[PDB]
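Of the protein chains in this complex, one is absent; all others appear in place.
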Amino acid sequence: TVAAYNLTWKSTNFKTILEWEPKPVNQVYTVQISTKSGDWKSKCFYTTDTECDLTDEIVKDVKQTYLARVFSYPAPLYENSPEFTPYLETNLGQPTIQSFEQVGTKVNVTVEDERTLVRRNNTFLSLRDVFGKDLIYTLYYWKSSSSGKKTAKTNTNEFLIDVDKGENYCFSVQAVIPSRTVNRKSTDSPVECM
Amino acid sequence: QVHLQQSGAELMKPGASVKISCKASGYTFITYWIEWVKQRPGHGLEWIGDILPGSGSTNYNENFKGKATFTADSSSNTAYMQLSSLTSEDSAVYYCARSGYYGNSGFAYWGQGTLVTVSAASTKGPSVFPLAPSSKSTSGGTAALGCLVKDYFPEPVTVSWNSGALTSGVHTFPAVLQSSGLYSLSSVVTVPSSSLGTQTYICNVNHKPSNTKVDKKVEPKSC
Partner (left out) sequence: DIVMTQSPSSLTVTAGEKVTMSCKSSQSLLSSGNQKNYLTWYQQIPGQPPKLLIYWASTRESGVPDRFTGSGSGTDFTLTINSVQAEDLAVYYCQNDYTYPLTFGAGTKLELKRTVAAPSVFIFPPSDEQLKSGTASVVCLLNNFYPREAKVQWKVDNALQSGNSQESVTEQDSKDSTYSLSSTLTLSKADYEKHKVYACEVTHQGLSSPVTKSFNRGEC
């Protein structure tokens, strides 16, 4: 057999999947993840896949550090993953504009509160739920004709911006955790225009 | 369990600084904010700001900029606040607490605090004399007995009884400062009576600012 290698955590909005190599020839894998202070819990058993969904484990506590290991068996050798702390490390997903509306000489732009895989009882917690005041949004607004790169920032889910009369603007939003070291920013939302 | 450990009680003179450490065990150090809170005797609570270890981010309360310094050593499980140009409005109790597990879920755990005392004042460990179990303090078939913790400086001090194997009915009075200027307090405890023969009671007093641990065996009278 070959030991697994290049173990990576693929994660967005807490949806979390460990990946590795190689594509197995005459062998199988079993993944074990560790609470770090309990034990080695397997989540995948004797699979021919080179990935394991670990969402259900990390969403139990997203402010924990997780280790994983991948055992190799013939159709024994193992390898330790890098450390993964979900809260600090998981990628923010692409946001969606909920609504824009022309309130007087200003425009209101609302971002959807994105749902995550973190679960508490019977609620699937949202970005806002998990991150709270650590979460900020950025907006970009312009009419694609003269292209005026004007920026707005909000602590909530709503922007209140100044606009020119009769002018059709285009909008795109971004999710931002200023506090982070890595993956501070989501990808941009689909553009919405008047 | 999660445990925030604040560094011992301190005295500094109205001038230079003071480093205070919050050492956190019981969770992942980097993924929760640590919080700094001033509390004065009878003033409510005051938020200095916050810091996230592992990314070093900070938010200060604008009334302090110039005063507070948040830091944390990721790789030693300890957060730090330094305070400069110390004064009387700086003299207080200072608090480290952990952020919320569910996002905006307040402060969850708190450090036990640390008294900042700001004066050009002498240091002084106290005197500890026994308070005699006697008829003159025995009623209802129990005696009460303790110690006086006199002429120490500054606040605080702690007393425990028989290395805390005795937790119930203890009393400890907010030492006031003497005409001298040195604080002083007592700490008695009522107790089942007949025990006074075969049970040893001892007030485990500490004063860190002076660095004195003191033990006194409380003993009865003969009349």
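As written, the chain order gives the labels A and B, with residue 1 at the start of each chain.
The working rule: a residue touches a chain if its C-beta (ideal position, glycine included) is under 8 Å from a C-beta of that chain, and two chains touch if they have at least 3 such contacts.
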Touch with the omitted chain, as defined above, among B:50, B:90 or B:155: B:50
Option from B:163, B:198 or B:222 whose C-beta touches the chain left out: B:222
Residue among B:34, B:131, B:191 or B:202 touching the omitted chain: B:131
Identified contact with the non-displayed chain, of B:17, B:76, B:84 or B:105: B:105
Subunit A, residues in touch with the chain not shown (by the definition above): 110-111, 113, 126, 128-129, 132-133, 155-158
Those residues of subunit B which, in the complete complex, touch the missing chain: 35, 39, 44-47, 49-50, 59, 61-62, 95, 97, 100, 102, 104-108, 110-113, 127, 129-132, 134, 136-140, 144, 146, 148, 150, 171-176, 178, 184-186, 188, 190, 221-223
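As a convention for this text, only the chains that are shown with their structure count from here on.
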Interchain centroid distance [CA atoms averaged], subunit A/subunit B, Å: 42
Subunit A partner contacts - residues on subunit B that touch it in the complex: 27-28, 30-32, 52, 54-55, 57, 100-105
Subunit B contact footprint on subunit A (complex, rising order): 62-65, 85, 87-88, 120, 125, 128-134, 178-181
